[PDB]
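Asker: So you can see what is in the structure, the chains are spelled out below.
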Amino acid sequence: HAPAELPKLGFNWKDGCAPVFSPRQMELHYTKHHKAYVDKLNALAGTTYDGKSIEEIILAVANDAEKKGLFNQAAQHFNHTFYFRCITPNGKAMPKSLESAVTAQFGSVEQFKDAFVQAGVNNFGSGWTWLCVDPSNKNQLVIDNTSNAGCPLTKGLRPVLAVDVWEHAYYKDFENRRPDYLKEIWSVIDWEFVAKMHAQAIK
Amino acid sequence: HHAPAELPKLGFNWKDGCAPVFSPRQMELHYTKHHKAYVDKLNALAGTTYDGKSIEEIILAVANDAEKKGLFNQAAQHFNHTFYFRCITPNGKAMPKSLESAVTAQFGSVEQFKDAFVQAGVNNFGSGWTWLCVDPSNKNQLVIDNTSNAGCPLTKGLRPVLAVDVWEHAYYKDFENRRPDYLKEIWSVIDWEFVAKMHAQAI
Ligand SMILES: [Fe+3]
Ligand SMILES: [Fe+3]
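In the order they appear, the protein sequences are chains A and B. Each residue of the first sequence is one higher than the one before, counting from 0 in the authors' numbering. Each residue of the second sequence is one higher than the one before, counting from -1 in the authors' numbering.
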């Protein structure tokens, strides 16, 4: 929404997000990077976008050369809020309903994970790797790569899982090792949040 | 230089960093991990087809070719990093009179140029590069140019003179989220003798 604010996380960022993220990695990501997106969004939006949800702001400003700055900050605020709800200490096991949807689409959970890591590894520069529901294709699950502030809402996709591949997301704990970050992140994924987003996306 | 690519010899020992701004680890990751991976991937995608060609040739032959975007990315990044690593040296090198004069005539002063270059770097969204180029199509005037991802000014017909990497990996080890501090401090390590040589040759 607007005036936007840094959301409360499901866990204490001061303890990191064990076993994959250190307190420093979480501190920089949330209190520096996400907070800057929130502040800049509030500054570029002012009072103009009041009452609108962040999704509505994103859709109103997407592909508008005069409001690219606002698109970048609004989309990054949505993207980080989504990503920070996708992680939790020690993760949460995948509920049956989501495991079933992932298995039917990708052949297995391990085939999905391998396909998602490949997409993340090959997402050139700053970006995001997503698992979305495609309402224009029988609510099927699709892996989607976005560049910079790119947001799948602009494509009509319904996000269910977001993984940040901007270097700041992993540089403190993994340095140049984006493949290791992608392989290890599975240990902290809150699959109960993903299943909730999946269940809501299919109506 | 040419294909098959190799990591360029640096003017300094990366094991000592690049004092007073870069630690040995920041240099180690940037050159031996990031730059090396661009070299290896370029050599893999170029194969035998681009053997014996210069890096500039590969960048231009493959630019604006959707089927060879992978090759463009690796070839442009190898050029960009080779240029950047030649722009830095421990304690820097003072600006020669000929370049100081060209910078002063264009930007009003050296200080005004630096402030303008920092603003461009700070506002270069996502992964990118901030350049000082000579524009041969405009009376050899100096211009500040921002490129995104692997973006290379050679494709615009610009003649690079200074490259500053703004991909987060260029500064994350020593400056974390503080891209403005990295940009303000980098001036202390710039090899202005190399820049003046590039300027003089660019005409
Ligand atoms: Fe991020
Ligand atoms: Fe770099």
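Rather than coming from a laboratory, the hints here were simulated on the basis of the structure. One or more of the hints may lead you astray.
Claimed, not checked - Heads up, simulated DSS-like pairs for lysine-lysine below, C-alpha to C-alpha not over 27 Å straight-line:
#  : chain 1 : residue 1 : chain 2 : residue 2
1  : B       : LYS67     : A       : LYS112
2  : A       : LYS182    : B       : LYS112
3  : A       : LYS137    : A       : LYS154
4  : A       : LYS195    : A       : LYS95
5  : B       : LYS112    : B       : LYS171
6  : A       : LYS182    : B       : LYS195
7  : B       : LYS112    : A       : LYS31
8  : B       : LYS154    : A       : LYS171
9  : A       : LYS171    : B       : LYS31
10 : B       : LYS34     : A       : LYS67
11 : A       : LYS171    : B       : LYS91
12 : B       : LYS39     : A       : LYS112
13 : B       : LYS31     : A       : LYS154
14 : B       : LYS7      : A       : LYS31
15 : B       : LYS91     : B       : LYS67
16 : A       : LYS13     : B       : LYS154
17 : B       : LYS182    : A       : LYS34
18 : A       : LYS67     : A       : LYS39
19 : B       : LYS112    : B       : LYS51
20 : B       : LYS7      : B       : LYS91
21 : B       : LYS154    : A       : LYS67
22 : B       : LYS182    : A       : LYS182
23 : B       : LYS39     : B       : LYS51
24 : B       : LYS51     : B       : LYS67
25 : A       : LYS39     : B       : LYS112
Stated by the list, open to error - Short, incomplete list of chain A residues facing chain B, as computed with Cβ under 10 Å:
#  : residue
26 : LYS31
27 : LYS67
28 : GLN110
29 : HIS167
30 : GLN199
Claimed, not checked - Anything over 12 Å on all C-beta distances counts as not near chain B; from chain A, calculated:
#  : residue
31 : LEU27
32 : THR30
33 : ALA92
34 : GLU98
35 : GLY106
36 : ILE142
37 : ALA148
38 : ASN175
39 : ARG176
C-beta: ideal position from N, C-alpha, C; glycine also.
Asker: Under the constraints set out in the numbered hints, which ones does this structure not fulfil?
Answerer: 2, 6, 8, 10, 11, 13, 14, 15, 16, 19, 22, 28, 30, 31, 32, 37, 38, 39
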